[PDB]
Structure formats: C-alpha cells, structure tokens
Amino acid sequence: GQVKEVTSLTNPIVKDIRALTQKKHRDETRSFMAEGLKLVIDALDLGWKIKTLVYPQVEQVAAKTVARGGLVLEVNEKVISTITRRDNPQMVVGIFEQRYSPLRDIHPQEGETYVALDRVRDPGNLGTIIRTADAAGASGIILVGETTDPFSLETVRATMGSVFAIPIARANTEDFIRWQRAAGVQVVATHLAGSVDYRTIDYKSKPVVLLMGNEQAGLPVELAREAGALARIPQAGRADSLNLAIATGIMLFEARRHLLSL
C-alpha cells in the first residue's frame, strides 16, 4: 500500500471511486463506500477488508490500511463532496470489499431469527430493515432473487453502520427454497391471502425465517406455499397498507418478543 495526494476530479483514481455510484462497476471491483471515521474504525474491528481510505485517530487508521495492503488518498474539500455527492460532507470515507455469507453455510440454531426479503426494490427500506434486524438481534438477512443492492451508497447510509454487523446472504428463488426446506426452520411469511394474526404464531419452537414480500407485488404463490405460517398484521381497515420496513420491524419485534428484555 501507499499514501498519495489528489485535488483534480479528472485524476484516474478519483474516476474509479465515483464510478462506485454504479452497480455494474461495484460488482466488478466487488467494492463499496462507507462514510464516517467512527464507522470506518468499527468496520475494521469487525474484520472488513479496506481497499482505499480517503480524507489524530485518522492517522493510525491510515497506518492500519497501508499495513494490510491498500491505498490512502489525501484530498481537498471539493473532491470529497464530489465522490460522496453532499454539499457539506464527512471528512473520512473508506472503500471496502463487499461480503456475502453463502447461504449453504448458514445453519440456523435455537433462538435465531433471519429475515428473507423477496425482490426488495427500495434502498431506503432495505437499509432500514438491516438496521432494525441488527437492533432486534436477528442473525442474518437473506436477499431472494433480484433485489436492490445492499452495498449501494443509499442503502449503506440508511443502515447507519449495521451493514458491517449483520451478515447478508443472496440467493435465487430455487436455492432459497432448497435451503429453507433442509434448514429445520419455521418460515413465517407475510401474505394477506390465507393469513393468521401475527401475534398467535409459534415463534419459539424452531428458528424463524421471516419471509417478506416485494413492496408492490407481494410474495408469489411458490414462496407463499413454502411457508409454515402466513402472517398478517391487523390494521384498522381490511387493507395491508404498511411500509415494508415498518411491517418488517413489527414482525421482528414480535418474533423476538420472548427473547428481548430490559
């Protein structure tokens, strides 16, 4: 690794970072950006691999970076707010390697809760669910099919750091169904048609996978057939008009209700 200074937007290295706004670029580098000195520090203690740092504590992190084998760019106020796209930005920004837990290395144990999200499309929702799942003590997030990107700048930010702290797995629909069948789990799916009251469900017998549907479409029948129980949250009309993050939060706090205490 090495240190190097930059003040030009046209600089080769800066073009590469800004290109992480785009999904296709991030996928090819398997990389992503996270803003915040503190967050950068916490990420390192949790075993995240850092590729580039950008900006007194500042100086020992720069040290740790070069030591494991990656770059360090000192920069002007105009560059940092270009790459992070904020008029008034943070002084520090790390570029890390993405990580996904492979689905077949997940073996749910007693007391555990996972949240599986079928074709989640809103980065706000995805990031808020990740944070909430971490607050609630879930052991993992499983992204099923084509979802919005958990490592995009907008999702990461809405995690407030929880992206570093709870594992995330991705799978197509077939592999997910196979994994769930063989995992010995109670799959609780929110799905209006065929439902029981979320509060009457057995969350204690087996590890729980909470299966949530896509914001607009909801779960398809093939996922919904895979469920041990179909959940609804009773509302003041016969409508289900809950934001996906909110419903997901409600479900996490009920499923772990018997496990969370003051």
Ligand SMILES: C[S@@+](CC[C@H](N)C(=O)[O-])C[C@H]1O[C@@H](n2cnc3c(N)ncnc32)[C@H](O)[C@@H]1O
The other form holds:
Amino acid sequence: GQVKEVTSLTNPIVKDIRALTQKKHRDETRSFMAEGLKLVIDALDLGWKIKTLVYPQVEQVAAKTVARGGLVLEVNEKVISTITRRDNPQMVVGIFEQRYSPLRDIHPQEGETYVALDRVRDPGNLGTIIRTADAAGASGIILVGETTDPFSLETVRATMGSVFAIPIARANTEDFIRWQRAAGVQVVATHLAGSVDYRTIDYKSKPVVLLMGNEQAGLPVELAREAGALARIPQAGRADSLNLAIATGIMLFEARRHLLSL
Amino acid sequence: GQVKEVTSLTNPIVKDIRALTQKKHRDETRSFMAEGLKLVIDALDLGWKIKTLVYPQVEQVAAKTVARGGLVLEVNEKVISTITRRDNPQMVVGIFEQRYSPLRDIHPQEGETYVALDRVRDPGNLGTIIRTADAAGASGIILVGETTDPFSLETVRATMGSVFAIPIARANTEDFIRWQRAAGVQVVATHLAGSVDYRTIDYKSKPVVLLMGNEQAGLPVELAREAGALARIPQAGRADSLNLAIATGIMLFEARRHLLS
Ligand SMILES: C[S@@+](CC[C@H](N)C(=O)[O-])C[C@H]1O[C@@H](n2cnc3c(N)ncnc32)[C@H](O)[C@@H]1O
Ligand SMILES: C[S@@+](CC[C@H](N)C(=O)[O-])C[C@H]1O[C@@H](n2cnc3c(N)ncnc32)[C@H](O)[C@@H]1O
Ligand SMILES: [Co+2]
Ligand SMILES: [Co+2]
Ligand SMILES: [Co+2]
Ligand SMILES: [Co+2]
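In place of the form deposited without the named molecule, output the structure of the form solved in complex with the named molecule.
Shown next: the complete complex, the earlier chain at its head.
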C-alpha cells in the first residue's frame, strides 16, 4: 500500500473516483464512497475494508489505510468537491468495499425484526429506512427484486452512517420466498387493501419480517400471497397512501413497541 | 383570448413561469406551480385559485380554469421540460394562488391534531410531513420561524398533492406562543431534555399540538419552556436522531392512535 497527491482533474484515477457516482463503475470494483472523518473511523470499527482515503487524526487513519494495503490522497478543496459534487464539501472522504450478507446465512432468532423492501425505487427512501431500521434495533434489510443501489452516494448520505451498522442483503423473488418459509418467521405484508389493523398483530411470538411494497405499485401478488398477516395502517383523508419510509418507520415501532423502552 | 398557444421559449410569458423557481417572485406574486392533472383537478375541486394552466378530461379542466378568470396555455413537451426542470414530466402543469391560514383564525376543537414545525429546512422532510399529516387526519400545519417554503416545487412534489388538502399557517416564535397560550391545547414537544416516553402521554383531553424541532439544532429552550409535555421516542444504537419526518409520522400516529381505524 501507498500515499499519493494530485490537484488536476483528468489524471485517470481521479475520473475513477468521480465515476463512483455511477452504478456500472461502482459495481466494476465492488466499491463505494462515504464522506466524513467521524464516519470513516466508525466504519473502520465496524470492520469495513477501506480501499482509498481522501483528504489531526488523519495521520493514524491514513497509516491504518496504507498499512491495510491501499491508496491515500492529500488533495485540495477543488478536487474533493468535484468528486463529491458539492460546493461545500467534507474534508475527508473514504472509499470502501461493498458488502452484502448472503440471505442463506441469515438465521432469524427470537426477538428480532427484519425489513424486506420489494423493489425500492427511491434512494432517500432506502437510506432513511436503513437509518430507521438501525434506530429501531432491527437486525437487517432484505432487498427483494430489482431495487435502487444501497451504496449510491445519494442513499449512503441518507443513512447518516447506518449503512455501516445494519446488514443488507439482496435476493430475487424466488430465493427470498424459499428463505422466508424455511426461516420460521411471522411475515407481515403491508397493502393498502389489507384487512387487519397493524396494531392488532402478534409481533411477540416469532421473528418478524415486515414486507413493504414498491412506491408506485405496492406488493405484487407473488409476495402478497405469502403473508401470515396482511396489515394496513389506518388513514383518514384525501391521501392515497403513506410515503414508503414513513410507513416502514410506523411499522418498525409498532413491531418493536414491546421491546423499545427508556 | 384565454385559450392561447406559444411555441417560443424566448417568449417572456415563459421566462416569468421559470421565475417561480425564485422565492422572491413566488412570494411577491403570491403564486406557485403544481404538476399533474389529478392534482390540478383535485386542487380545483378543493377551491384553489388557478392563475395559469399549461399543457380527454383536459377540456373539462381548461373550462373550470377560464370560468374562474384563469389564463390557459398550449405548448410543446419541451416547453414543459424547461419550466419544470424535469425529464419526461406530466402533460399538465398548474399555477395557483398560495394560501396560508392566519394563525389566530385557528380554533383548536376537541379531537383535533396540529403539527408545528420549528425551523424545518429540508423541502422533502416538510413535503412528507404535510403528506403524513393529511393522512393521519390532522387539522393543519404550523410553520414557526424561518423555514423552507412549503410552496416550493421541491416541497410541493413531496406532498403529492397534500399541499392542497391541509391548511398551513406560519408565525414567528412570538405569534406562535401568543396563539398557543390562548388556544387551550396540549403542546407535546419532541426533545431529548425533560423528556418522557411518547406512548405514555395524554393525547385525549386537550386538542394536541405536536411541536417538532429543527433537523440540526432541535427545539430552542424558549419553545420547549412552554411545552405541556416533552416527548421522546426511545431508540437502540449510536444512531442519535430519527429523521424529522420519521419522528413526526410516529408522533402523529400515537397522538391519533385512539382516533384512527
Ligand atoms: C406509496 S405506497 C404504494 C401505493 C399503492 N401502490 C397505491 O397507490 O395504491 C408504498 C408502500 O408504503 C406502504 N404503505 C403506505 N401506506 C400504507 C398503509 N396505510 N398501510 C400499510 N402500508 C402502507 C406499503 O408497503 C406500500 O406498498
Ligand atoms: C433530526 S432531529 C435533530 C435533533 C438534534 N440533533 C438534537 O440533538 O436534539 C429533528 C427533530 O426531530 C424530532 N425527533 C427526532 N428524533 C426524535 C425522537 N427519537 N424522539 C422525539 N423526537 C425526535 C425532534 O423534534 C428533533 O428536534
Ligand atoms: Co471504470
Ligand atoms: Co395502487
Ligand atoms: Co418579478
Ligand atoms: Co444534537
């Protein structure tokens, strides 16, 4: 591992960091960007492999990074804001290895809640859910089907650090359903056509998987079908539906009402 | 000729719509933009004054427009691109008169819930809160002190039409405190300081006001100094805060738990 320095833009490897805003480029190295000193330090504790650092506690983190076998860049405010695309950047920005938990490795125990998101489209919605699931003491996020990337800069920002603190996993519809049966869980699907008050449900007996639907479309039958309980939050207006993240928060804290205290 | 067409983007009739991006123009013209036909209809059905209407049921809408003294505009999909600042946007756009409820015209009755936001800065947060508060069946939003603007296009998008549906007042800390002290309400302020568990509060006796804090600071002591109760939602982790809108949604559904089904 090694240190380096640059101020010009083109210098191919600085177009390499820039391009971590694109999925196709992030995926070509299983890699992603996160901003902030406090944050990179915390993500290092949670055991995340750092590939590059960008920038006095920096000395020890750079040491930890170069000694871990990867690049480190002393750099001006013009470069840092251009890669983070903000006029008013942070001084320190880490690049890290993406990691998902494989779904087969996840074994729901008593007392645990999971959030499964069928085809989540909006990045902020996802990042906010990840943050909120973390806050509720849930044990992970399961991204079912084609969703937005959890490791986009837009989504990573919205987590406020929680991307590093709660397991994320991804699966096609079939494997998830296979898993969801074998796991011995109370599957709680949510629909705007659901029959039962989310408050009237048993979240105590079994580990729970909260199944949330797509923003435009809601849950497709193939997953709706599986519900051990088809729940809905009562509303009272013109309003069609709740925002996805909002709904997920409402459910997180009902589902763990008995477990959260002061 | 209220039924009127334009192709040119040079036309000053267009660059004055684009000026609605600016808050100056928005505020000094008392107007704002809203996208989509089912909005533009339901806002018409909700009694809103449409100034301008750009673009099957469209004819029935351009009628209600002109009947109420509103100008109409036929323009190409690329004119609608440049006003909106959007890829692929809706066929219709509507420009309306802004509508704030004066605070002292609000009379908190029994079984009603109001949300008050101190210094909300994020357009999305607000937009969503407005949405969530419509859905929880709350009687109105109260914006306290310097906030992002609820009639901005960003915030309007995030309400998904709920901006037309729930009244919005605005006030500085003084006016708010004045009205509050008179209006006879249970002010439940979300804090972490003097705070009790949010599921233990009495939300039945007095019409409730939920007073949520600023995304960075949180509530300023002078506001929390006049709170009937201080509520906190318990959490688990290094994660110190809930997103404001998330916190507000949770509070809303606890505050109206006894009322919703
Ligand atoms: C924006 S919504 C979906 C809207 C839905 N397709 C419709 O228009 O009929 C996104 C998701 O949030 C959740 N959601 C929203 N409102 C809800 C409610 N009252 N009860 C349960 N879930 C809700 C559901 O999981 C839903 O699939
Ligand atoms: C993101 S917070 C900022 C709080 C601030 N960081 C602090 O140190 O208090 C925005 C506001 O949302 C509300 N909020 C967020 N999490 C909350 C919780 N767990 N309980 C009650 N209110 C909360 C509060 O009104 C808070 O002032
Ligand atoms: Co590349
Ligand atoms: Co639907
Ligand atoms: Co002007
Ligand atoms: Co704080």
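In this text, rigid core is short for the largest set of C-alphas that superpose within 1.5 Å between two forms. Positions refer to the first chain, counted from 1.
When two forms of a protein are overlaid on their rigid core, residues whose CA moves 2 Å or more are considered shifted, and residue 238 is one of them between the two forms.
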